[PDB]
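Could you put together the complete structure from these sequences and hints?
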Amino acid sequence: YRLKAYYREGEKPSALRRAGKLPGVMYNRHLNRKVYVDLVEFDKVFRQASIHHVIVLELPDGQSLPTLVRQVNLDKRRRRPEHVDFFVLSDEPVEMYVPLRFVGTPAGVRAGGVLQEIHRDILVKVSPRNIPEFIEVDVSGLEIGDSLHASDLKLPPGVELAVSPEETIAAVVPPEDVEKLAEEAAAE
Amino acid sequence: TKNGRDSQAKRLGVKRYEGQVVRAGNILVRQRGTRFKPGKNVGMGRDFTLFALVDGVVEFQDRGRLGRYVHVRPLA
Amino acid sequence: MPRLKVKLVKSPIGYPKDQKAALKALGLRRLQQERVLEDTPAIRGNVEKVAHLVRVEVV
Amino acid sequence: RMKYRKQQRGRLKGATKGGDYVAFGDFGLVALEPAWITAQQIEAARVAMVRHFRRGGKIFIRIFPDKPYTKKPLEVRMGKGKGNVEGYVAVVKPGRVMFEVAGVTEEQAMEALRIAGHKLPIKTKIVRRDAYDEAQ
RNA sequence: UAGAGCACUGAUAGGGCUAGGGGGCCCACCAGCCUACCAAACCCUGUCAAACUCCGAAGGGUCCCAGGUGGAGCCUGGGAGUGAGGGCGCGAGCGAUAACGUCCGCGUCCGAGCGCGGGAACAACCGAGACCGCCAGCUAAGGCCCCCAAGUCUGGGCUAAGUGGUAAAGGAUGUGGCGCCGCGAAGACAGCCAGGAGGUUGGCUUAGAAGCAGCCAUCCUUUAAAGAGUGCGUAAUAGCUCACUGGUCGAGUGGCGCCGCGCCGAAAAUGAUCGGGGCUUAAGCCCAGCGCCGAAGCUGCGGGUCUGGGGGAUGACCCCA
RNA sequence: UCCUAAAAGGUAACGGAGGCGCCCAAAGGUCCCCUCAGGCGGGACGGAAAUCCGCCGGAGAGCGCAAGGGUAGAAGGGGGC
RNA sequence: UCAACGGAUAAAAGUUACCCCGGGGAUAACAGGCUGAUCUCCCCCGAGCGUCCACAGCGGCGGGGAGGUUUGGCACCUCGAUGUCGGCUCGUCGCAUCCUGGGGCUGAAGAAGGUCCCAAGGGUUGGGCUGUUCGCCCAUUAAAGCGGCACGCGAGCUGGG
RNA sequence: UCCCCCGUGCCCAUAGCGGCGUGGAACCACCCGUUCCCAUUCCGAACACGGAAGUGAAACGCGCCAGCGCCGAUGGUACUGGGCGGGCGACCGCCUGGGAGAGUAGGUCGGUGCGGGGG
Ligand SMILES: [Mg+2]
Ligand SMILES: [Mg+2]
Ligand SMILES: [Mg+2]
Ligand SMILES: [Mg+2]
Ligand SMILES: [Mg+2]
Ligand SMILES: [Mg+2]
Ligand SMILES: [Mg+2]
Ligand SMILES: [Mg+2]
Ligand SMILES: [Mg+2]
Ligand SMILES: [Mg+2]
Ligand SMILES: [Mg+2]
Ligand SMILES: [Mg+2]
Ligand SMILES: [Mg+2]
Ligand SMILES: [Mg+2]
Ligand SMILES: [Mg+2]
Ligand SMILES: [Mg+2]
Ligand SMILES: [Mg+2]
Ligand SMILES: [Mg+2]
Ligand SMILES: [Mg+2]
Ligand SMILES: [Mg+2]
Ligand SMILES: [Mg+2]
Ligand SMILES: [Mg+2]
Ligand SMILES: [Mg+2]
Ligand SMILES: [Mg+2]
Ligand SMILES: [Mg+2]
Ligand SMILES: [Mg+2]
Ligand SMILES: [Mg+2]
Ligand SMILES: [Mg+2]
Ligand SMILES: [Mg+2]
Ligand SMILES: [Mg+2]
Ligand SMILES: [Mg+2]
Ligand SMILES: [Mg+2]
Ligand SMILES: [Mg+2]
Ligand SMILES: [Mg+2]
Ligand SMILES: [Mg+2]
Ligand SMILES: [Mg+2]
Ligand SMILES: [Mg+2]
Ligand SMILES: [Mg+2]
Ligand SMILES: [Mg+2]
Ligand SMILES: [Mg+2]
Ligand SMILES: [Mg+2]
Ligand SMILES: [Mg+2]
Ligand SMILES: [Mg+2]
Ligand SMILES: [Mg+2]
Ligand SMILES: [Mg+2]
Ligand SMILES: [Mg+2]
Ligand SMILES: [Mg+2]
Ligand SMILES: [Mg+2]
Ligand SMILES: [Mg+2]
Ligand SMILES: [Mg+2]
Ligand SMILES: [Mg+2]
Ligand SMILES: [Mg+2]
Ligand SMILES: [Mg+2]
Ligand SMILES: [Mg+2]
Ligand SMILES: [Mg+2]
Ligand SMILES: [Mg+2]
Ligand SMILES: [Mg+2]
Ligand SMILES: [Mg+2]
Ligand SMILES: [Mg+2]
Ligand SMILES: [Mg+2]
Ligand SMILES: [Mg+2]
Ligand SMILES: [Mg+2]
Ligand SMILES: [Mg+2]
Ligand SMILES: [Mg+2]
Ligand SMILES: [Mg+2]
Ligand SMILES: [Mg+2]
Ligand SMILES: [Mg+2]
Ligand SMILES: [Mg+2]
Ligand SMILES: [Mg+2]
Ligand SMILES: [Mg+2]
Ligand SMILES: [Mg+2]
Ligand SMILES: [Mg+2]
Ligand SMILES: [Mg+2]
Ligand SMILES: [Mg+2]
Ligand SMILES: [Mg+2]
Ligand SMILES: [Mg+2]
Ligand SMILES: [Mg+2]
Ligand SMILES: [Mg+2]
Ligand SMILES: [Mg+2]
Ligand SMILES: [Mg+2]
Ligand SMILES: [Mg+2]
Ligand SMILES: [Mg+2]
Ligand SMILES: [Mg+2]
Ligand SMILES: [Mg+2]
Ligand SMILES: [Mg+2]
Ligand SMILES: [Mg+2]
Ligand SMILES: [Mg+2]
Ligand SMILES: [Mg+2]
Ligand SMILES: [Mg+2]
Ligand SMILES: [Mg+2]
Ligand SMILES: [Mg+2]
Ligand SMILES: [Mg+2]
Ligand SMILES: [Mg+2]
Ligand SMILES: [Mg+2]
Ligand SMILES: [Mg+2]
Ligand SMILES: [Mg+2]
Ligand SMILES: [Mg+2]
Ligand SMILES: [Mg+2]
Ligand SMILES: [Mg+2]
Ligand SMILES: [Mg+2]
Ligand SMILES: [Mg+2]
Ligand SMILES: [Mg+2]
Ligand SMILES: [Mg+2]
Ligand SMILES: [Mg+2]
Ligand SMILES: [Mg+2]
Ligand SMILES: [Mg+2]
Ligand SMILES: [Mg+2]
Ligand SMILES: [Mg+2]
Ligand SMILES: [Mg+2]
Ligand SMILES: [Mg+2]
Ligand SMILES: [Mg+2]
Ligand SMILES: [Mg+2]
Ligand SMILES: [Mg+2]
Ligand SMILES: [Mg+2]
Ligand SMILES: [Mg+2]
Ligand SMILES: [Mg+2]
Ligand SMILES: [Mg+2]
Ligand SMILES: [Mg+2]
Ligand SMILES: [Mg+2]
Ligand SMILES: [Mg+2]
Ligand SMILES: [Mg+2]
Ligand SMILES: [Mg+2]
Ligand SMILES: [Mg+2]
Ligand SMILES: [Mg+2]
Ligand SMILES: [Mg+2]
Ligand SMILES: [Mg+2]
Ligand SMILES: [Mg+2]
Ligand SMILES: [Mg+2]
Ligand SMILES: [Mg+2]
Ligand SMILES: [Mg+2]
Ligand SMILES: [Mg+2]
Ligand SMILES: [Mg+2]
Ligand SMILES: [Mg+2]
Ligand SMILES: [Mg+2]
Ligand SMILES: [Mg+2]
Ligand SMILES: [Mg+2]
Ligand SMILES: [Mg+2]
Ligand SMILES: [Mg+2]
Ligand SMILES: [Mg+2]
Ligand SMILES: [Mg+2]
Ligand SMILES: [Mg+2]
Ligand SMILES: [Mg+2]
Ligand SMILES: [Mg+2]
Ligand SMILES: [Mg+2]
Ligand SMILES: [Mg+2]
Ligand SMILES: [Mg+2]
Ligand SMILES: [Mg+2]
Ligand SMILES: [Mg+2]
Ligand SMILES: [Mg+2]
Ligand SMILES: [Mg+2]
Ligand SMILES: [Mg+2]
Ligand SMILES: [Mg+2]
Ligand SMILES: [Mg+2]
Ligand SMILES: [Mg+2]
Ligand SMILES: [Mg+2]
Ligand SMILES: [Mg+2]
Ligand SMILES: [Mg+2]
Ligand SMILES: [Mg+2]
Ligand SMILES: [Mg+2]
Ligand SMILES: [Mg+2]
Ligand SMILES: [Mg+2]
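First to last, the protein sequences are chains A, B, C and D. Read in order, the letters of the first sequence correspond to residues 566 to 753 in my numbering. Read in order, the letters of the second sequence correspond to residues 676 to 751 in my numbering. Read in order, the letters of the third sequence correspond to residues 5 to 63 in my numbering. Read in order, the letters of the fourth sequence correspond to residues -2 to 133 in my numbering.
By construction, these hints were calculated from the structure, which means they are not laboratory data. Heads up, some of the hints might be wrong.
[Unchecked claim] Restricting the straight-line Cα-Cα distance to at most 25 angstroms, the calculated cross-link-like pairs of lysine to any residue (SDA-like) are:
id : chain 1 : residue 1 : chain 2 : residue 2
1  : A       : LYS569    : D       : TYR129
2  : A       : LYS641    : D       : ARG6
3  : D       : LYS14     : A       : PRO578
4  : A       : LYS609    : D       : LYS68
5  : A       : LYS745    : D       : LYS116
6  : D       : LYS3      : B       : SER682
7  : D       : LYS122    : A       : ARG612
8  : A       : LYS745    : D       : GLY114
9  : B       : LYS677    : D       : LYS68
10 : A       : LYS641    : D       : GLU131
11 : D       : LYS122    : A       : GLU647
12 : A       : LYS745    : D       : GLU104
13 : D       : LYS77     : B       : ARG680
14 : A       : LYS586    : A       : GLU574
15 : A       : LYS745    : D       : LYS14
16 : D       : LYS122    : A       : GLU574
17 : D       : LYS122    : A       : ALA750
18 : D       : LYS64     : A       : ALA752
19 : A       : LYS586    : D       : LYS116
Written out as structure tokens, the structure is:
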């Protein structure tokens, strides 16, 4: 994706938002530059892009930088993005959160279970060239009460699980209405 | 009820500060345990009271593991 | 340390004691009173902490 | 719970840490005003929620009361209150995420969270999901 | 400390791991397996704490140096009074995140400034510290249509309730304004015209269950369109409707989010009201600008008194702040 | 003793929560020496826990007695005088 | 255990409706007031009941509020005095209406009724028991309303409490 | 000047743990032995003494590697002396000066003083 990023300097970060620009900074292992983008633009761009793909930032300098939001500071008091980071890549293997597509028909659904998920995006080390839109999650033969772990992952080549090879990925917990309530009020 | 109790203020802590003139025997700092260790021309007693053994200025010196020592630099 | 004209315009009555005292080190008796002290880092401080009571003038 | 008897009042300053993000589930319920949420309130919204969509998925209740609600039994000033009458509450300031459902339909969610909102004293909002987490 | 954090001290929502306890398989040879159960220690997600703190501000205290001549300070001594305080803002306990409630703290006014202007009136809210005079002059707060001093000022928006004249969860095609997305002159929205078929009475269930009590499963054909079917309805059927397609039709149309102001929610006791009259492109609210009224504050003139400075055989008196 | 106490000190309420009215001639003084709790693994009675062995284990023990603070680079454990 | 721990004597309890003096609204009881926890009523959400159908009628779990009658909290005016129940007498005001008036819905055939809205102008009984308010009861009634006025009224009365 | 090593002190984790490598002529430790000084509530393991042979295994020195630990921006943000405004209240906002924590990029498996021995 793209985004017309501008250079900052002595602008009021607070009064800046009032205008309509989203404060933030782009930087890598050798970079550190005050910048800012447009609220409306970044809004619709980040909706799709999010923090899994790479968003090139077109500075007035004409520099097309392979950046991805390393971090977002969300304003409390009615959610809304305040600040944004933009970590630029190069040719060195970089870590990041990669999407996970839970595809299949869990045995829980059949027995009237609950679609549980934990890591909708795992942190993994990978080269800048590899941009796997997502990883096929074989969640299907998973019955109610069973769990798929990080050590049970199918990793696309050139990638490693930069986590703790035993980290929960998903589950299948039970429903809850009648039985629980009626029995809880009397057994609590 | 039964709670309204409390031993009056003992008023401890830092009595003298770095960059202060001191005679000989001035109670530098009265402390609980040993939050401040002695040092150059400074000794303590039973209640861990810190005082000057010479005449000069008070100085502090934080030394992580070792501790937060405090001394006095004699001059006249 | 060019001159510093200062005119008392906002009564200190009802304001913190320290501020009252500031108009003493600066020496401001009544209202609408002129006062052209020097521009020393010290004297500045006072004028500053009471700026909302006196309109400074760079002379 | 388990710690010790009573606790202070303490004001409810800015809606700072009282406010998070949708960490689990799909939809979420956020507070707009600050106040103490009562145990009866949690359950009230709980039962209301789960009861709405019979055989519902998984209902996440992020908040959790632990503040001994103090109170006196219609008398005067002989020491500190017995409290415990209403039970306990939780420091709920604007932005917080009291509840959040999952594995269910959006319609089920929207209506439920709505009803459970009335079970709450604070005016509330319903946030989707987006992608606002913390990554790259 | 604020905050912040969970590294200790405790709480804790979910999940994994897994000791221990329950249940089932099964033979007592005493183990082995499963468990949409209770759950220790450990890990991940996530969070709470005055008496928890890995961390940690603004700030406050203090000593040296510098400005600071002030009804500043320090020393010795004489003479006191005071030892119910209160309101207010802020930070806390108690209280019920009650009280013209109460208990400390930081400051402030009233006290003793019930002296003056404003606030309708009103010890403490806003303005401002009254030595005396004056039929002078600018301004402060507030205010500038009439009671009332001074604009029915100027320009640009909002609000049709008299809102303004000031109550909540919650409710609402009120009305205006900004952004995103669907659909549309290759013919859209709506009304309107007709159709909206079979297997199938989807499986099951049930007395029945035929799209439409309920459960679960979760096709094919014809075609421009018709759904293993949305509601009303029947005992179950029928019958109507809708999404859908074509004709009509002719220009827009639909949804979401955010914002301004108003509407409902709104029931009290001697007569009624925003202080009153009365006000609607304002005499309401928001925004930007000029002008003016207005205090015992300031300036102007004159005068008293006290303190300090100067002329000064001159004590004296004169002038100045 | 701690919190309340608003980062110096101090600071109130019939505010929250807990102690003291002692004990020790060795639990002191000096000298020299010594290092915890637990966890795991291994072992006759024991076997959650006596005692012994190996590795890990910086202070979560110990420090007479409540708590706070301090503390093994000793205030702790032992012996001589 | 001068432990009331700055310790009046070496040596000390209780009673007064037989009571008194000094003083306080610095302080309780009555009333007012501020508040609204308690009380009355209204309202949002709506599991669920009502064959069927959540809104004829009804409402869990929980949330908002109005009033200012009760109990209650505070101790602000009044302790050189604000008379305190009930009754009687005279009333007057509110509306959240008991009746009569009108109206909507109905699980409204009709009659009768249920519930909600509008609506004080007027009306809203005699008696038994108790100091009672309150309430129970008899007989009737179109109905036998709730509440404010220092729970109106002792310089109008009563004095059973 | 400079290098390797020995003693000792400072900075007090960017020097710690851990896996790998590496040095013994010199320096260091282990090592031989327990007669004498002296010792383990049992042991020469520890402390101690006399001193050749052997190794660099243990310990340590040096170097490497980042998995753990640790150090940590910047940017913005919370909060806040000070000044001001708005709401019934719970609370909210602006100007002025100050400005964390957490998370991100990232840094580090040491640096340094005096003296002593050896080239
Ligand atoms: Mg553009
Ligand atoms: Mg006390
Ligand atoms: Mg006391
Ligand atoms: Mg005290
Ligand atoms: Mg005392
Ligand atoms: Mg004053
Ligand atoms: Mg100061
Ligand atoms: Mg428990
Ligand atoms: Mg708070
Ligand atoms: Mg409740
Ligand atoms: Mg609500
Ligand atoms: Mg409540
Ligand atoms: Mg809502
Ligand atoms: Mg605090
Ligand atoms: Mg704290
Ligand atoms: Mg905090
Ligand atoms: Mg943590
Ligand atoms: Mg414990
Ligand atoms: Mg647990
Ligand atoms: Mg848990
Ligand atoms: Mg077991
Ligand atoms: Mg068993
Ligand atoms: Mg057999
Ligand atoms: Mg057996
Ligand atoms: Mg046997
Ligand atoms: Mg067997
Ligand atoms: Mg645990
Ligand atoms: Mg996190
Ligand atoms: Mg929690
Ligand atoms: Mg200073
Ligand atoms: Mg000097
Ligand atoms: Mg000098
Ligand atoms: Mg000097
Ligand atoms: Mg000086
Ligand atoms: Mg002078
Ligand atoms: Mg004076
Ligand atoms: Mg004076
Ligand atoms: Mg005197
Ligand atoms: Mg006294
Ligand atoms: Mg308070
Ligand atoms: Mg009082
Ligand atoms: Mg008071
Ligand atoms: Mg005061
Ligand atoms: Mg005065
Ligand atoms: Mg005064
Ligand atoms: Mg005064
Ligand atoms: Mg008078
Ligand atoms: Mg006035
Ligand atoms: Mg006045
Ligand atoms: Mg005059
Ligand atoms: Mg004028
Ligand atoms: Mg004005
Ligand atoms: Mg006027
Ligand atoms: Mg206009
Ligand atoms: Mg009106
Ligand atoms: Mg709509
Ligand atoms: Mg056409
Ligand atoms: Mg149409
Ligand atoms: Mg239509
Ligand atoms: Mg047929
Ligand atoms: Mg059938
Ligand atoms: Mg009415
Ligand atoms: Mg009237
Ligand atoms: Mg007015
Ligand atoms: Mg103007
Ligand atoms: Mg004037
Ligand atoms: Mg004058
Ligand atoms: Mg003049
Ligand atoms: Mg002049
Ligand atoms: Mg002379
Ligand atoms: Mg002279
Ligand atoms: Mg003279
Ligand atoms: Mg403190
Ligand atoms: Mg303090
Ligand atoms: Mg308390
Ligand atoms: Mg003894
Ligand atoms: Mg000893
Ligand atoms: Mg000893
Ligand atoms: Mg030993
Ligand atoms: Mg052990
Ligand atoms: Mg074992
Ligand atoms: Mg073992
Ligand atoms: Mg063992
Ligand atoms: Mg035996
Ligand atoms: Mg054992
Ligand atoms: Mg064992
Ligand atoms: Mg064991
Ligand atoms: Mg000792
Ligand atoms: Mg010893
Ligand atoms: Mg000894
Ligand atoms: Mg006694
Ligand atoms: Mg005596
Ligand atoms: Mg006494
Ligand atoms: Mg006595
Ligand atoms: Mg006595
Ligand atoms: Mg006695
Ligand atoms: Mg008698
Ligand atoms: Mg007599
Ligand atoms: Mg008698
Ligand atoms: Mg008397
Ligand atoms: Mg009374
Ligand atoms: Mg009273
Ligand atoms: Mg009165
Ligand atoms: Mg109320
Ligand atoms: Mg209502
Ligand atoms: Mg009702
Ligand atoms: Mg009920
Ligand atoms: Mg119940
Ligand atoms: Mg209940
Ligand atoms: Mg209720
Ligand atoms: Mg409630
Ligand atoms: Mg209520
Ligand atoms: Mg209320
Ligand atoms: Mg009362
Ligand atoms: Mg009083
Ligand atoms: Mg009297
Ligand atoms: Mg009189
Ligand atoms: Mg009288
Ligand atoms: Mg009188
Ligand atoms: Mg009459
Ligand atoms: Mg009728
Ligand atoms: Mg009717
Ligand atoms: Mg009819
Ligand atoms: Mg009938
Ligand atoms: Mg009449
Ligand atoms: Mg009678
Ligand atoms: Mg009779
Ligand atoms: Mg009779
Ligand atoms: Mg009678
Ligand atoms: Mg009677
Ligand atoms: Mg009765
Ligand atoms: Mg009868
Ligand atoms: Mg009446
Ligand atoms: Mg009466
Ligand atoms: Mg009477
Ligand atoms: Mg009478
Ligand atoms: Mg009477
Ligand atoms: Mg009378
Ligand atoms: Mg008589
Ligand atoms: Mg009698
Ligand atoms: Mg009698
Ligand atoms: Mg080797
Ligand atoms: Mg080698
Ligand atoms: Mg021997
Ligand atoms: Mg020999
Ligand atoms: Mg011998
Ligand atoms: Mg031997
Ligand atoms: Mg040896
Ligand atoms: Mg020999
Ligand atoms: Mg050799
Ligand atoms: Mg060798
Ligand atoms: Mg080696
Ligand atoms: Mg070295
Ligand atoms: Mg950091
Ligand atoms: Mg940082
Ligand atoms: Mg990195
Ligand atoms: Mg890192
Ligand atoms: Mg190394
Ligand atoms: Mg060196
Ligand atoms: Mg060489
Ligand atoms: Mg050479």
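The hints, checked one at a time:
1. Our distance criterion of 25 angstroms between C-alpha atoms is met by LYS569(A) and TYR129(D), whose separation comes to about 21 angstroms.
2. For the given pair, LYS641(A) sits about 24 angstroms from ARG6(D) by alpha-carbon distance, which is consistent with the 25 angstroms threshold.
3. Simply put, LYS14(D) and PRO578(A) have alpha-carbon atoms about 22 angstroms apart, close enough for the 25 angstroms limit, and the pair holds.
4. Taking the CA atoms of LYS609(A) and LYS68(D), the gap is about 51 angstroms. The hint is violated against a cut of 25 angstroms.
5. As the CA atoms of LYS745(A) and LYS116(D) are separated by approximately 20 angstroms, the hinted pair is consistent with the 25 angstroms bound.
6. A C-alpha spacing of about 23 angstroms is found between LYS3(D) and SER682(B), which places the hinted pair at or below 25 angstroms, so the restraint holds.
7. Restraint check for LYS122(D) and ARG612(A): satisfied, since their Cα atoms lie roughly 20 angstroms apart, inside the 25 angstroms limit.
8. Pair hint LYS745(A) plus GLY114(D) holds up; C-alpha atoms about 22 angstroms apart against a cutoff of 25 angstroms.
9. Distance hint between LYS677(B) and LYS68(D) is fulfilled; the C-alpha atoms sit about 18 angstroms from each other, no more than 25 angstroms.
10. Of the supplied pair hints, the one linking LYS641(A) and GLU131(D) holds, its CA atoms being roughly 15 angstroms apart against a limit of 25 angstroms.
11. Annotation: proposed proximity of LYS122(D) to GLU647(A) holds, straight-line Cα distance about 20 angstroms (limit 25 angstroms).
12. Taking the CA atoms of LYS745(A) and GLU104(D), the gap is near 23 angstroms; set against the 25 angstroms cutoff, the hint holds.
13. Proposed proximity of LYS77(D) and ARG680(B) is supported: the alpha carbons are some 14 angstroms apart, at most 25 angstroms.
14. As the CA atoms of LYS586(A) and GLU574(A) are separated by approximately 14 angstroms, the hinted pair is consistent with the 25 angstroms bound.
15. At most 25 angstroms may separate the alpha-carbon atoms for a hinted pair to count; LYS745(A) and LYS14(D) exceed this at roughly 32 angstroms.
16. Simply put, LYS122(D) and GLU574(A) have alpha-carbon atoms about 37 angstroms apart, too far for the 25 angstroms limit, and the pair is violated.
17. A threshold of 25 angstroms between alpha carbons decides the hint, and for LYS122(D) with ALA750(A) the separation of about 29 angstroms lies outside it, so the pair is violated.
18. Of the pairs offered as hints, the one joining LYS64(D) and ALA752(A) holds, with about 24 angstroms between alpha carbons and a cut-off of 25 angstroms not exceeded.
19. Straight-line distance between C-alpha atoms of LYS586(A) and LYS116(D) comes to about 39 angstroms, which puts the hinted pair past the 25 angstroms bound.
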